[PDB]
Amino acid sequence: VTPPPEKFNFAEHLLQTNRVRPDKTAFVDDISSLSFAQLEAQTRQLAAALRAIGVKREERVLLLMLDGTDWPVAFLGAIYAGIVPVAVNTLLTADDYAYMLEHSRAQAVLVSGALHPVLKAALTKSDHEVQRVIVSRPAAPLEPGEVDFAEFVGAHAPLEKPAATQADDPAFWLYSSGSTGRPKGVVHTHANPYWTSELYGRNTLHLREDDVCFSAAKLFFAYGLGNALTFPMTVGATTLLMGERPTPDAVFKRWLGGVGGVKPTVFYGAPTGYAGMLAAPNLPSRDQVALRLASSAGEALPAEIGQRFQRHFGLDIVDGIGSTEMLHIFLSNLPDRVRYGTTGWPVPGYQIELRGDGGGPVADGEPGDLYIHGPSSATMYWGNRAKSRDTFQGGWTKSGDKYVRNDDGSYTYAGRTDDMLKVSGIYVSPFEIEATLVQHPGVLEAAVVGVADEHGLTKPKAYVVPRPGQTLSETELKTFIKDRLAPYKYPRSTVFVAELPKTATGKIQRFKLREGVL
């Protein structure tokens, strides 16, 4: 793969790629579609609009939007202007967004109507610098000074040229949380999504122009941003976008061509989703779908789910691993070489090392900490030099995973270095779940660990010491956590215990809870 030039604006790159196919559909959702020409026009009109309201090159804007055709307009339009969109998870709290507004010093916000109430609370509470709120598909009346996204875009002529950025200039941020502390601003450059899209999208997956891409993973996830924006636009594929929560039924409707007159050929999702669909009584038959490639990430794929999928559809599930910091997948099975029980082989262009307790070598078959050297690495966590030092170790990026290398050169997952769980395809901190449980007045103590379910997928499990003299039922606790945690964070079970295993300092011995001592 040829490196991108030094003068490179990633948005311009994707637009120029598709000037050969102006009338092909670029994006379609439940209510709208954009051809590549339409996407270009709206992108460049947005870029002008953000400049007209005073947002300058290198300044941030918050992009808080459901998957839909306005999403790539927002993302690429900022980047075309040389403005840095901060693309964020749509299921967070107003407090999370308040922190992000302050930390990013976002100058404007692009927000879905459905997300305007949480955003409004974030604005009200924070010491932000937001000059304008631009609302895509408003669900309530606009407040004074707010603007409808379609009017904002429509009222401005297209920007005539892109910002003259460098390949290594920041292009956009994603946020990533660790087991404690605030979300970290992962800073990606213009070059980074070129590299993922070429090394993985084109050269590993072999995506092509006649593909229709559909990702259960939303656009704000690094995984989904590649799958459903950077990858398809690199090759000229059409992409289907869905605003709603993925369920088996929602995914099947789309697989069957229920939206936009298109049937996906490439699907992407998490192993939990694949398990859910395979359990669904109305799982479509092979002859009803146009799938040629199924990608998986977000948690280790249990071999049985891949094997069952292949028995049913005649398609393997291609499981790979990436990180937010590396932008996309660097270690993967291949469409024509799958070894279930493994994450496959290093992606050409990326070097992988396993390091032991001193940074030393680990013998094949022994677990080490995974480090990656490749050209799509983020540069830093913005404003966090200490965590930057820990993760970005001189050309090598630490992922937080442990792995074993097998005799065939494949790699098998061996857990985390940082207490995080990967549940339903998403990172969740046990300490967050514990923090929520102990605020119930009936709970004295709580410890949360990962447990494999009947399909071998990790789900949280809570061990709770009740407070003497209160009452506390499992169902009381279910109701308490309902609206305090996202549903993927719900413990799959709660065990009430009289005490937890601890050191003499009171540190919970979590390892004993995984080993079944209770």
Contents of the next structure:
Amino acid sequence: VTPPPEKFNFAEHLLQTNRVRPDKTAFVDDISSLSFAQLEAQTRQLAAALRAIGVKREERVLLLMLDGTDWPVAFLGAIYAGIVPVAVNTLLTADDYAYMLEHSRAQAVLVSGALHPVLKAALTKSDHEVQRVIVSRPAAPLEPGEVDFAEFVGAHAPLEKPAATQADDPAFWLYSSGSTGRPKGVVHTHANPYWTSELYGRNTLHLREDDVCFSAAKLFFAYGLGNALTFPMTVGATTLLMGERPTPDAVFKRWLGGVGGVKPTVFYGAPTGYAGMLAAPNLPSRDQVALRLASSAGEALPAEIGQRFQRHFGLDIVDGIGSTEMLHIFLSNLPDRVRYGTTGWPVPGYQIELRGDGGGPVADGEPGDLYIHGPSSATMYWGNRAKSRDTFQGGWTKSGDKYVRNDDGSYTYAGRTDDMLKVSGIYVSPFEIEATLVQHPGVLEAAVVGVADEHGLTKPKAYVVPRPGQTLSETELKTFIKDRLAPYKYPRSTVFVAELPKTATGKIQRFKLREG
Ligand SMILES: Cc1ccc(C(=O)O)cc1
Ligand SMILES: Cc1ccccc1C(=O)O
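Form deposited without ligand 4MA already given; the form solved in complex with ligand 4MA follows:
Next comes the full complex, this chain leading.
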């Protein structure tokens, strides 16, 4: 793969790539479609609109939007202008967004109508610098000063050329959270999505022009950003977007060609979603679908899920691991070589190392901490020098994972080096869940660990010590948390206990809880 030139604007790159196919559909969702020509026009008018309201090169804007055709216009338009979109999870709290507003110093916000109420609460509570709120598909009357996304785009002439950025200049941020503390601003460059798109999208997956891509993973996830934006635009594939929460029925409706007159040929999703589909009574038959490739990431794929998918559809599920910091997948199975129970082999372009307790080598078959050296690494966590030093260790990026290397050069997952869980393919801190449980007046103490369900997928399990003089029932605890956590964070079970195992200093021995 040829490096990108030093003067490189990643949006311009994707637009230039598709000037050969102006009339092919770039993106389609339940209510709208953009051809590559229409996407280019609107991308460039958005870029003009953000500049017209005073947002300067290198400043940030918050992009808080459901998956839909306005999403890539917002993302690429900011980048075309040399403005830095900060693309975020749509299922966070007002408090989380308030922090992101302040931390990013965002100058504008591009927000879906459905997300406007959470955003409003964030704006009201924070010391933010937001000059304009631009609302895609408003679901309530616009407040004074706010503007509808379609009017904002349509009122500006397209910018005539892109910001003259360099390849290593910041292009966008994603946020990632660790087991405690605030979300970290992961800073990516213009070059980074070129590398992932070339090395993984093109060279590992062999995506091509006549593909139809559909990612259950939303665009704000590193995984989905590649799967449903940077990958397909690099090869001129058409992309299906869906605003709603992925469920088996929503995914199947799309697989069968229920939206936009297109049937997906490439699907991406978490192992949990694949398990859920295979358990669904109305799982489609092979002859009803056009799938040729199935990708998974977010948590390790249990072999049985992969094998049952293969038996039903005649397609393997290609499990790979990436990270927000590496932007996309660096260790993967291949479409024509899958080894279930492993995450496959290093992606060409990426070097992997397993390090032991002192940074030393590990013999094959022994677990080590996983480090990556490759060209799509983020440069830092914005404003966090200490976290940046721990993760970005001189040309090596630490992942948080442990792996074993096998005799065939494949790698098998061996757990995390922190206390994070991956649940339904999404990070969740057990300490967050603990912090929510102990605010219930009937709870004295709580400890949360990951446990494998019947499919071998990790879910939270909570051990709870009731407060002696209070009432507390499992169904009241369920109702308490329904209210306060995202559904993927729900403990799969809660066990009421009289005490927890502890060190003589009061530290909970979580390892004993995992050992039964
Ligand atoms: C049915 C289904 C498929 C995939 C996902 C996911 O979160 O990726 C969730 C649900
Ligand atoms: C977290 C992540 C980001 C990009 C690509 C894949 C993954 C993964 O979850 O393994």
